[PDB]
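On the provided structure of chain D, position chains U, G, W, H, C, Z, Y, V and X with the ligands as indicated by the hints.
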Amino acid sequence: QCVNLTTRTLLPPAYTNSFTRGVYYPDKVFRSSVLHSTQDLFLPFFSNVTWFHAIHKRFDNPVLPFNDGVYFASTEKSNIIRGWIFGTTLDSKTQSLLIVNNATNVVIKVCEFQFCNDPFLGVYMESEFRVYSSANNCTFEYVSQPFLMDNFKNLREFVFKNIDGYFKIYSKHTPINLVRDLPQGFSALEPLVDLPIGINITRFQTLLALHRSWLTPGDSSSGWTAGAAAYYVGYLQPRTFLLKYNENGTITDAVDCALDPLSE
Amino acid sequence: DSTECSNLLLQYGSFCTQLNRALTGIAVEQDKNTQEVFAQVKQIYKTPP
Amino acid sequence: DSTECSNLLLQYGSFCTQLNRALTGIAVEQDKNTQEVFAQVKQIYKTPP
Amino acid sequence: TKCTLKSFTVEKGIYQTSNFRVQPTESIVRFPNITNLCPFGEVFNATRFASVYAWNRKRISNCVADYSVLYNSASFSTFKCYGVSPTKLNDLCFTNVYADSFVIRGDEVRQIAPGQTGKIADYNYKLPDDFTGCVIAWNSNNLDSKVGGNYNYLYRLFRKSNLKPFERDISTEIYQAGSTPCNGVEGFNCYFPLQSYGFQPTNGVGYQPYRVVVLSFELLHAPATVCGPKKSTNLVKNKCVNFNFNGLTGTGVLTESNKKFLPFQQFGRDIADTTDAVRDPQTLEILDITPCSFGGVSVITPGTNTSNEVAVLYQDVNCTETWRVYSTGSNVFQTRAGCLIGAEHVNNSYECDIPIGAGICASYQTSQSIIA
Amino acid sequence: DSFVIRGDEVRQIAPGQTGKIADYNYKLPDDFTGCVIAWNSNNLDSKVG
Amino acid sequence: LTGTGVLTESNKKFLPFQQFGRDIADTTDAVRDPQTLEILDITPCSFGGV
Amino acid sequence: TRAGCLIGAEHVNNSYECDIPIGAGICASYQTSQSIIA
Amino acid sequence: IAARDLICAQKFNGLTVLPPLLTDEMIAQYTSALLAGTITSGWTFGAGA
Amino acid sequence: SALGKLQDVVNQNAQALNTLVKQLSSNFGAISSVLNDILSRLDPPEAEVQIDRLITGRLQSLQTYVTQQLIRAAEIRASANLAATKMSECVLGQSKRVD
Amino acid sequence: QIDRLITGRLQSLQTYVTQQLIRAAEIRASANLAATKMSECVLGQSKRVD
Ligand SMILES: *[C@@H]1O[C@H](CO)[C@@H](O[C@@H]2O[C@H](CO)[C@@H](O)[C@H](O)[C@H]2NC(C)=O)[C@H](O)[C@H]1NC(C)=O
Ligand SMILES: CCCCCCCCCCCCCCCCCC(=O)O
Ligand SMILES: *[C@@H]1O[C@H](CO)[C@@H](O)[C@H](O)[C@H]1NC(C)=O
Ligand SMILES: *[C@@H]1O[C@H](CO)[C@@H](O)[C@H](O)[C@H]1NC(C)=O
Ligand SMILES: *[C@@H]1O[C@H](CO)[C@@H](O)[C@H](O)[C@H]1NC(C)=O
Ligand SMILES: *[C@@H]1O[C@H](CO)[C@@H](O)[C@H](O)[C@H]1NC(C)=O
Ligand SMILES: *[C@@H]1O[C@H](CO)[C@@H](O)[C@H](O)[C@H]1NC(C)=O
Ligand SMILES: *[C@@H]1O[C@H](CO)[C@@H](O)[C@H](O)[C@H]1NC(C)=O
Ligand SMILES: *[C@@H]1O[C@H](CO)[C@@H](O)[C@H](O)[C@H]1NC(C)=O
Ligand SMILES: *[C@@H]1O[C@H](CO)[C@@H](O)[C@H](O)[C@H]1NC(C)=O
Ligand SMILES: *[C@@H]1O[C@H](CO)[C@@H](O)[C@H](O)[C@H]1NC(C)=O
Ligand SMILES: *[C@@H]1O[C@H](CO)[C@@H](O)[C@H](O)[C@H]1NC(C)=O
Ligand SMILES: *[C@@H]1O[C@H](CO)[C@@H](O)[C@H](O)[C@H]1NC(C)=O
Ligand SMILES: *[C@@H]1O[C@H](CO)[C@@H](O)[C@H](O)[C@H]1NC(C)=O
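Chains as they are written, first to last, in the deposited numbering: chain D, 14 to 69, 77 to 144, 153 to 178, 185 to 298; chain U, 745 to 793; chain G, 745 to 793; chain W, 299 to 619, 632 to 676, 689 to 694; chain H, 398 to 446; chain C, 546 to 595; chain Z, 645 to 676, 689 to 694; chain Y, 844 to 892; chain V, 943 to 1041; chain X, 992 to 1041.
Take these hints with a grain of salt, some might be off.
Unchecked claim - Across the chosen pairs, the derived CB separations fall in these ranges:
{"no.": "1", "chain 1": "G", "residue 1": "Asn-751", "chain 2": "W", "residue 2": "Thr-581", "range": "32 to 38 Å"}
{"no.": "2", "chain 1": "W", "residue 1": "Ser-359", "chain 2": "V", "residue 2": "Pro-987", "range": "29 to 35 Å"}
{"no.": "3", "chain 1": "H", "residue 1": "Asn-422", "chain 2": "W", "residue 2": "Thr-581", "range": "48 to 54 Å"}
{"no.": "4", "chain 1": "V", "residue 1": "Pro-987", "chain 2": "D", "residue 2": "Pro-217", "range": "52 to 58 Å"}
Because the hints were derived from the structure by calculation, they are not lab data. Ideal Cβ positions, reconstructed from N, Cα and C, are used throughout, including at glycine.
The following block holds chain D by itself, in its conformation from the complex:
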């Protein structure tokens, strides 16, 4: 079950700035032509976010912290990213959350998983489902429409929070044509679900699919290739935001009060 993809291609982590991104509707209320000041876990403006690549032989799916929240943005064109994994130790000793996506559906579980180091999915093109070697004490299950739907054209932005015992996800899909990094601009994330997983989360990891079509050797850390793909991770902090609203009810603008004295 465990194919260690220990291809050794060391590249330094690349950092980028998030101009104005990660803004989400704090509440399920309608407001129009009004400026509203709210305090919630937001991604600070012009924040130093990490950059990860999956281009060839570079694969980036390390374990990352979940301090208070995550702004996950993926510029993709092949649905290589299929979901994420959340947990503390990512082993059978503790419960963990798994979000994965089959074509036209989603699988969510909060069940003791002995996650497989270098977890992944595969493309030939269903292929492989090597993510966990075990599932025990399985408590929560849920299925819904795909969270991820269809060079680097679509920008899937996700915000994850683990308030008290509810896992909240805010998502948005924005088509673009930029191929280098985040498109400077604006877009608000609407709420998607509020999962009552009721677990403890401190670390998370991303699940990327691999392509093995032209030739298939012993499927070790070899005979695999990842299409061009990258994702950006930003950590939210308690911040006070001034949100603008238009006639329709969309935000369209915001201000980070603590960014600098001018914004304050």
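The following block gives chains U, G, W, H, C, Z, Y, V and X with the ligands in isolation, referenced to the frame of chain D:
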């Protein structure tokens, strides 16, 4: 230096903004008073030696 | 448009009466100011053709 | 005005009275058309409840909440509702209802509340301080007790740290209570965190089992998939009413709106915190709520030691256009300040005796009458 | 005001409560001035069978 | 006694029965370290107009 | 400045009428690649 | 020195005293100009040149 | 901006009224600022405290607005008395007073 | 408790601001009188008595 009290005050409301508006008006009024009293002449005349 | 809050306010007391007294005094003062400034002459003089 | 001045005599002048009120005539209710009843039996009348350390959470949706069905079946020793009054549960609709069920001993029921401490609260089941919901409990000695002991119910006894609200810890790892590490094996100063409740019919009320159900929900601010037994009525528009949209009472006029609400949005608010819009659950159409009271009212009277007839100035009314007036009169005069009723226009011009408004002054003259 | 109920229902004897007793048998006003007293009577109001 | 501030040595002399110290307001401007039995001065960290 | 340290503005030895009343005797303005001056 | 100095206490609690827009030396310059004008020219400098 | 004083007067009045309207979104230590959520969720006796909190806060807001209006009215009265003096002494006569 | 203290301290600040506004009105009256005196006595000769 308390986060909890500050986050409560945000809910209690924004009266401090208008307090500061009043104080700023007072300060600008003081500057205007000084200008009106003393700055009655723009030409600066020097006493002859 | 709440009966309960109004019936509570009746108990809380009558400070709004004095608020309105102050505002009415302000309004009458504004009218008096206008009269004092402009209505300095009762005879209305017409400019000659 | 006389009540406002706290006197029976009004000196000559003009006074400002309360703004024009219109009292509502109808009282409508609009709940989603739901016929199914909530799974009261499966939550309260189900055998084989879960242990506190692995408390089960059940989602509840698309059901009417008529708790009167429980009166004949079971009686609850404890029933506390936080963030809502029990009397109003029949007039409310709930957004995200979750039923958390488990079994504990009577001594530990008090621990099921915000701010408490103990083994249950700290290690097994913790409630948030800002908790909206209700807590229910009832003895189950006749059910969860057996001769010789029932050890199927367990509770976490040792943990490295206190739990966070609505957090479940099913981990079964040997607790290290000392500096010496023990790896997956029980030993001196090392304990198995889980322990079994000793439930017997003979033991006291304190150690007797208690089946606890915790209902967590949000009131308003979002679509309400669960509703009470109150009955909906027909829709009324362009008329002051006492509405109830998914438990949100109020008073105002309802009209069609051009606003577009996203699927997750039910209510709408203005610069203030006030529901200026709402979505009808049955018709899925947007409505605009507008207060019914609007317009200043001023009273023109002489000293009342001279005459008891008065004139009323209705600001924000254009009679030149069922006017928003208390009582219509034969003499109506329109002014830039507003419609004047009870005073007759005279084409003459005198000094101001009563300063009505823009350029209008009233007086008492001539069968005397009020003039403008 | 005297009557007999079961222990589970004593909590219902208070303003703002709900249940069969409060809703159908005996209801107290919200603005209630007074005292509520209760004591077990199993030895008196109980019989074999 | 929680709080937030800077801690520095103090010339204040505390009697045996005194642990904390206060200012014109009701605010702990001084404290005694239980382990070292030395006086400390608590000063707010936020200071200066912008 | 006697009011305090000013950052983001360059001192100019010239003297103009007050456009922005910073403090004691210091006034700022926007002038000239434009920049803020004190 | 905060509990001792009053300004430090006022300033650790959010209260600050802003500096005036005119220094004492500049006000003295204005006054000296006025004195020179009224001495050399009289009341003419207040009506023009 | 020839007429800055008059426009500032108008803006001050409008801003005061708008601030008074927007201070109705303040919870004043209560559970909400809507007065309908409180009544719907809570029974009268438990809602009395919240409604009293909101009443106290809004009364304080109104009193503050009234006091500010009184002070501004005093300033405007001073200006109007000066204007009347100027009309009388400059328009209806020739003034030897300087400036 | 924190709401009580917030309300009290807000009331204190509002009272201070109101007193400052009234004193500023008085000072403005004094300053206008001083400007009138400069203009009429320094920049001219005043026939007004006292
Ligand atoms: C959630 O899990 C984290 C660990 O993933 C817990 O934090 C650890 O706590 C232990 C002691 O209990 C320490 O030895 C570790 O150093 C901590 N790790 C980190 C990263 O802080 C945390 O306590 C757990 N939360 C709860 C509520 O139990
Ligand atoms: C079973 C799931 C129902 C959930 C409906 C939403 C919650 C609405 C409140 C219901 C509370 C019922 C508690 C029991 C009522 C009192 C009964 C009694 O005192 O005998
Ligand atoms: C290699 O794979 C095996 C699968 O049996 C696993 O036990 C081991 O930890 C892996 N090692 C690394 C470095 O990934
Ligand atoms: C992000 O952090 C790295 C290392 O701390 C730093 O070199 C880089 O300059 C930062 N980002 C920007 C935009 O400066
Ligand atoms: C494929 O999707 C179906 C439902 O759409 C799901 O039941 C199934 O588990 C998915 N397959 C995989 C391998 O995830
Ligand atoms: C989890 O599963 C294991 C393996 O069957 C079992 O031994 C353990 O009791 C389970 N834990 C539960 C049900 O809490
Ligand atoms: C607001 O909605 C209307 C449709 O009702 C649309 O025509 C208009 O473009 C929207 N406003 C903006 C700024 O997009
Ligand atoms: C459900 O209630 C009925 C009577 O109301 C009772 O006979 C039955 O035993 C209950 N169900 C269970 C599982 O106890
Ligand atoms: C029931 O409500 C739905 C909307 O939820 C509506 O489409 C349908 O017409 C309603 N049916 C009746 C009989 O009112
Ligand atoms: C006012 O009332 C007194 C007492 O009734 C009466 O004597 C007097 O004539 C009245 N004045 C007028 C103008 O009617
Ligand atoms: C009142 O309405 C009429 C039309 O019905 C219009 O001609 C007139 O100007 C209006 N007057 C005012 C004061 O609005
Ligand atoms: C008064 O003026 C109205 C028109 O404003 C006219 O209809 C009426 O005949 C006039 N009456 C007298 C007595 O002049
Ligand atoms: C323990 O505290 C005392 C003061 O109470 C101190 O004198 C001693 O040095 C401390 N010992 C250690 C090991 O910290
Ligand atoms: C401006 O004055 C400073 C000293 O205050 C001097 O160092 C500098 O050379 C001067 N520059 C010019 C252009 O006069």
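A quick look at each hint next to the structure:
1. Checked against the hint of 32 to 38 Å, the pair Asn-751(G) and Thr-581(W) passes, with Cβ atoms roughly 35 Å apart.
2. A hinted range of 29 to 35 Å holds for the C-beta pair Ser-359(W) and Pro-987(V), which are about 32 Å apart.
3. Under the hint 48 to 54 Å, the C-beta atoms of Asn-422(H) and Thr-581(W), about 40 Å apart, miss the expected range.
4. A beta carbon spacing of about 56 Å between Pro-987(V) and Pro-217(D) agrees with the range 52 to 58 Å that was offered as a hint.
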